[PDB]
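S.K.: Next come the chains, spelled out residue by residue.
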Amino acid sequence: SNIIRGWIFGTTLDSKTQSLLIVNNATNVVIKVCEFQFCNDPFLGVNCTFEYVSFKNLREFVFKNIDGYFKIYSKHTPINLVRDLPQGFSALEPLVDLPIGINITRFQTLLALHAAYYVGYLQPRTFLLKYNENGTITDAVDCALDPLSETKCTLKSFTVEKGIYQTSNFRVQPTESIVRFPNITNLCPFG
Amino acid sequence: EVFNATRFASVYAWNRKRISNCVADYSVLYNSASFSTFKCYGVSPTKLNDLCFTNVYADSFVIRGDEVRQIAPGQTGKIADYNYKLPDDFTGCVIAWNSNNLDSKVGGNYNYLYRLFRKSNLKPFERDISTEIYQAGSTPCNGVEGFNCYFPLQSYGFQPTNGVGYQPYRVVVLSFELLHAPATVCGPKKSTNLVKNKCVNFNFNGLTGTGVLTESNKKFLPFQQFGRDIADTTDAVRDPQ
Amino acid sequence: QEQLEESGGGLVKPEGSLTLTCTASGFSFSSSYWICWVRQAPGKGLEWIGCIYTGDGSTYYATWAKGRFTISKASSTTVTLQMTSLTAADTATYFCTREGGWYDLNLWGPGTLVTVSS
Amino acid sequence: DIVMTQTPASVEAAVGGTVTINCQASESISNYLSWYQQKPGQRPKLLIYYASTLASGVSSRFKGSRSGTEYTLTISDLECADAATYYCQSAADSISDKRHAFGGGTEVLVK
Ligand SMILES: *[C@@H]1O[C@H](CO)[C@@H](O[C@@H]2O[C@H](CO)[C@@H](O)[C@H](O)[C@H]2NC(C)=O)[C@H](O)[C@H]1NC(C)=O
Ligand SMILES: *[C@@H]1O[C@H](CO)[C@@H](O)[C@H](O)[C@H]1NC(C)=O
Ligand SMILES: *[C@@H]1O[C@H](CO)[C@@H](O)[C@H](O)[C@H]1NC(C)=O
Ligand SMILES: *[C@@H]1O[C@H](CO)[C@@H](O)[C@H](O)[C@H]1NC(C)=O
Ligand SMILES: *[C@@H]1O[C@H](CO)[C@@H](O)[C@H](O)[C@H]1NC(C)=O
Ligand SMILES: *[C@@H]1O[C@H](CO)[C@@H](O)[C@H](O)[C@H]1NC(C)=O
Numbered sequence: 059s060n061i062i063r064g065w066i067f068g069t070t071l072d073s074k075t076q077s078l079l080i081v082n083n084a085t086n087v088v089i090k091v092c093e094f095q096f097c098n099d100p101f102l103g104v105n106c107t108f109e110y111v112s113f114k115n116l117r118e119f120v121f122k123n124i125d126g127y128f129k130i131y132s133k134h135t136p137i138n139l140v141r142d143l144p145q146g147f148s149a150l151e152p153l154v155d156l157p158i159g160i161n162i163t164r165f166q167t168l169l170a171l172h173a174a175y176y177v178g179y180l181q182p183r184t185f186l187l188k189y190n191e192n193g194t195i196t197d198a199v200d201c202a203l204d205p206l207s208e209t210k211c212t213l214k215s216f217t218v219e220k221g222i223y224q225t226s227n228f229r230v231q232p233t234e235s236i237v238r239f240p241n242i243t244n245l246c247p248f249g
Numbered sequence: 341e342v343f344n345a346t347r348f349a350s351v352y353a354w355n356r357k358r359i360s361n362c363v364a365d366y367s368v369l370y371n372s373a374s375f376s377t378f379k380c381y382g383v384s385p386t387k388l389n390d391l392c393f394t395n396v397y398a399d400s401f402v403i404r405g406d407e408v409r410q411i412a413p414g415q416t417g418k419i420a421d422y423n424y425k426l427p428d429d430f431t432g433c434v435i436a437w438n439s440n441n442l443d444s445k446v447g448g449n450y451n452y453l454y455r456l457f458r459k460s461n462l463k464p465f466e467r468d469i470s471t472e473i474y475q476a477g478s479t480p481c482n483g484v485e486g487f488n489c490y491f492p493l494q495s496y497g498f499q500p501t502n503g504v505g506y507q508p509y510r511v512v513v514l515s516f517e518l519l520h521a522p523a524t525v526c527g528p529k530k531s532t533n534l535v536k537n538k539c540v541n542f543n544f545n546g547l548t549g550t551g552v553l554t555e556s557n558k559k560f561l562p563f564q565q566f567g568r569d570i571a572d573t574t575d576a577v578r579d580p581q
Numbered sequence: 241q242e243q244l245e246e247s248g249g250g251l252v253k254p255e256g257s258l259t260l261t262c263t264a265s266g267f268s269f270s271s272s273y274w275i276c277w278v279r280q281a282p283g284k285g286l287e288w289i290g291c292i293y294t295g296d297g298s299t300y301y302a303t304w305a306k307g308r309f310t311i312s313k314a315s316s317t318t319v320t321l322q323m324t325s326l327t328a329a330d331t332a333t334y335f336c337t338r339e340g341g342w343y344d345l346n347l348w349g350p351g352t353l354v355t356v357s358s
Numbered sequence: 112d113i114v115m116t117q118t119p120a121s122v123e124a125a126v127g128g129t130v131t132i133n134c135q136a137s138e139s140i141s142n143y144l145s146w147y148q149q150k151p152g153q154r155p156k157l158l159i160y161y162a163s164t165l166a167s168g169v170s171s172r173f174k175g176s177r178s179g180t181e182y183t184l185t186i187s188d189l190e191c192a193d194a195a196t197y198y199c200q201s202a203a204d205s206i207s208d209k210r211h212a213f214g215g216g217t218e219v220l221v222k
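Residue numbers (the working numbering), protein chains in the order written: chain A, 59 to 249; chain B, 341 to 581; chain C, 241 to 358; chain D, 112 to 222.
Hints may contain errors.
[Said to hold, decoys possible] Capping the alpha-carbon separation at 27 Å, the derived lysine-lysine pairs in DSSO-like fashion look like this:
no. : chain 1 : residue 1 : chain 2 : residue 2
1   : C       : 284       : D       : 174
2   : A       : 188       : B       : 558
3   : A       : 214       : B       : 559
4   : A       : 133       : A       : 188
5   : A       : 129       : B       : 559
6   : C       : 306       : C       : 284
7   : A       : 129       : A       : 188
8   : B       : 459       : B       : 379
9   : A       : 133       : B       : 559
10  : B       : 357       : A       : 90
11  : B       : 536       : B       : 559
12  : A       : 133       : A       : 122
13  : D       : 156       : C       : 284
14  : B       : 357       : B       : 425
15  : B       : 529       : A       : 129
16  : B       : 459       : C       : 313
17  : B       : 445       : A       : 74
18  : B       : 357       : B       : 529
19  : B       : 357       : A       : 74
20  : A       : 133       : A       : 90
21  : B       : 536       : B       : 558
22  : D       : 174       : D       : 156
23  : B       : 425       : C       : 313
24  : D       : 150       : C       : 284
25  : B       : 538       : B       : 558
26  : D       : 222       : C       : 284
27  : B       : 559       : A       : 188
28  : B       : 425       : B       : 387
For the record, the hints were derived by calculation from the structure and aren't laboratory data.
Between the sequences and the hints, there should be enough to build the whole structure, so can you do that?
M.R.: Dropping the structure here:
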């Protein structure tokens with residue numbers, strides 16, 4: 059029933075500082091920086107610096123903030139499973155790369171009152187993407203998930219023949235820091 | 341549109357216009373001969389289109405026919421210290437033009453105000469609408485009007501037949517600010533007609549490559565811009581036009 | 241009502257610097273383009289020299305006396321005054337007059353007398 | 112600097128009468144012109160706002176005509192009080208720079 063209808067991305071998101079707001083409307087999509095306070099129930103009922111104008115269905119989104127840009131990716135592959143996101147692979151094509159230029163550390167979602175959504179987390183992780191002949195990312199492997207994936211990453215191939223391959227270096231990082239100096243002598247008699 | 345406005349704010353309540361997600365061309369402003377003053381205190385009075393700036397603030401108000409030159413960094417005076425004050429470090433331009441034929445009416449219209457005196461000088465880029473009663477030490481001003489204390493805002497008396505010094509003059513001051521946010525308002529980009537089947541130096545949206553351009557059979561995805569080879573060499577571009 | 245008044249020393253040494261005080265009953269804080277450099281020669285006539293605006297711009301001197309005459313408006317309680325240098329047989333009478341609209345002089349001030357000779 | 116001339120100051124009338132005085136400048140701007148009354152041994156007075164007007168508290172006979180580049184002022188019914196020299200003042204028309212050029216004036220003599 060498309061209850062999810064947007065998100066809020068602001069450090070304070072309570073009119074204290076500038077915050078991003080995205081609403082989803084069937085005719086147009088509205089993105090604003092205007093700082094405003096909204097109730098603890100921000101459900102949709104059915105200054106400013108920037109503005110943009112734009113279970114068979116599963117919507118996947120990726121948001122990130124690097125160098126002052128709020129990049130958004132999306133993909134709407136039909137899914138016949140209602141219990142969970144199924145197995146398979148589907149890449150996400152960027153949609154909006156608006157130059158927002160504000161910091162975001164908190165995130166909120168919008169709903170409607172007269173519906174399950176999963177929240178993921180992104181960390182710096184090397185990947186090995188496989189591009190098809192038309193340019194679509196058909197498969198990808200991790201670089202640190204397990205030794206087999208690390209071997210695939212090092213050999214730059216999705217298949218590796220029988221043998222022994224060196225992948226990375228195992229180093230024991232220092233655990234504690236100790237500083238020692240000779241037993242102190244008499245201090246100066248300033249007193 | 342902002343230059344062709346029907347109503348113009350007072351100096352004590354100067355309107356500020358912020359421009360974003362827009363490409364501004366200054367050719368019309370440069371070639372417009374209706375401006376009686378185009379002195380700019382910026383880096384260059386012609387390279388404004390070429391320069392790239394993050395945001396532009398436009399301040400528009402009406403002052404006396406005289407003291408148009410007074411609108412500048414420093415230049416201590418009544419308008420400087422008790423009206424819209426320009427900071428000592430200003431990188432924008434000052435534009436002034438006469439508008440007697442439309443905004444001047446007989447009888448001395450009083451729609452335009454200005455601040456005469458305050459407790460302290462106004463900080464740069466400040467708007468004051470409080471219009472609190474100024475005091476001169478004695479402060480016997482518990483009533484609406486008292487001695488040595490009156491309305492600090494005075495109404496301009498503008499007349500078309502009045503001397504040009506007292507005639508209505510329009511000033512619009514634009515300020516360029518550099519911040520950590522990415523630039524969003526810069527000049528138009530000139531693009532030439534492409535030439536194919538010839539080794540020609542090309543600049544495809546900042547790619548800056550050299551070679552021979554020819555039609556391709558590969559199907560770029562709609563969001564993609566320029567392809568690459570195994571050795572990370574640019575071997576295909578999508579034309580923005 | 242609004243009125244302009246002047247005061248100054250009766251006598252001055254030749255080529256001596258004399259300060260001419262001026263006071264006005266009206267505040268005239270921001271819109272007074274008054275002139276006190278009109279030089280009324282005795283029996284000959286007036287001759288405008290320079291003006292002053294409240295914006296501390298010093299306006300113009302018209303190069304009648306070049307730069308030997310200057311205006312330093314102290315503001316405060318309508319306090320305005322002018323300095324003279326290398327005065328040689330300058331005329332005695334000159335009035336501090338206020339300027340209204342249409343580039344006119346609506347209200348003048350009382351006459352003053354100065355003698356160049358010792 | 113603005114240069115200017117005027118008619119000779121000699122004015123003679125027996126009983127009232129109408130006498131015309133021409134005070135013109137080569138580069139004087141239009142609509143910016145004012146005359147004054149200079150009573151001997153007395154404070155000067157304004158009589159005209161601009162371009163042969165009446166201002167306030169001035170007799171209706173203190174009129175004139177802008178005409179062409181020349182500027183002519185008409186005074187009629189001379190009296191003992193009216194037997195005072197009058198001065199014509201012209202000013203420049205420019206925001207950047209402006210100057211005034213006071214005239215030699217004419218003196219009214221009543222017989
Ligand atoms: C900008 O967009 C248009 C729209 O596609 C580009 O192509 C033009 O499309 C129209 C409509 O089909 C054709 O009639 C024109 O011949 C195309 N060219 C031009 C120059 O209008 C267009 O190339 C792009 N660039 C410009 C400068 O308009
Ligand atoms: C969606 O946008 C259209 C115009 O784009 C507007 O008419 C309509 O009311 C909007 N729907 C809302 C606000 O629910
Ligand atoms: C908008 O208001 C905030 C305070 O909430 C302020 O910090 C910011 O500078 C304002 N922005 C503009 C463009 O006026
Ligand atoms: C967000 O806040 C941090 C911490 O105060 C600050 O250093 C950073 O510059 C801000 N980010 C942006 C994009 O302004
Ligand atoms: C690539 O596009 C072609 C041409 O439309 C199509 O036949 C093919 O299925 C697409 N996908 C591939 C090669 O994976
Ligand atoms: C001085 O002597 C007192 C008393 O023993 C001691 O606490 C203090 O550290 C000494 N030195 C000073 C005050 O510099």
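S.K.: Between the alpha carbons of residue 425(B) and residue 313(C), is the straight-line distance 27 Å or under?
M.R.: holds, 22 Å
S.K.: Hint check: residue 284(C) vs residue 174(D), CA-CA at most 27 Å. Holds or violated?
M.R.: Holds, at about 25 Å.
S.K.: Between residue 133(A) and residue 122(A), does the CA-CA distance stay at or below 27 Å?
M.R.: OK: residue 133(A) and residue 122(A) at ~16 Å, within 27 Å.
S.K.: Below or equal to 27 Å on CA atoms is what counts here, so check residue 425(B) against residue 387(B).
M.R.: Satisfied, since the Cα-Cα distance of roughly 26 Å is no more than 27 Å.
S.K.: Regarding the pair residue 538(B) and residue 558(B), is the alpha-carbon distance no greater than 27 Å?
M.R.: holds, 20 Å
S.K.: Check whether the Cα positions of residue 536(B) and residue 559(B) lie no farther apart than 27 Å.
M.R.: holds, 19 Å
S.K.: Hey, residue 306(C) versus residue 284(C), does the alpha-carbon distance stay inside 27 Å?
M.R.: holds, 22 Å
S.K.: Is the hinted pair residue 529(B) and residue 129(A) satisfied, with a Cα-Cα distance of at most 27 Å?
M.R.: holds, 24 Å
S.K.: Could you grab the alpha-carbon distance between residue 559(B) and residue 188(A) and see if it respects the 27 Å cut-off?
M.R.: holds, 17 Å
S.K.: Holds or violated: residue 174(D) and residue 156(D), Cα atoms, limit 27 Å.
M.R.: Holds. Residue 174(D) to residue 156(D) sits at ~16 Å (cutoff 27 Å).
S.K.: Given the hint that residue 129(A) pairs with residue 188(A), test it: the Cα-Cα distance must not exceed 27 Å.
M.R.: holds, 22 Å
S.K.: Taking only the CA atoms, is the gap from residue 445(B) to residue 74(A) under or equal to 27 Å?
M.R.: Violated, at about 45 Å.
When the structure is compared with the earlier hints, violations turn up for hints 8, 17 and for no others.
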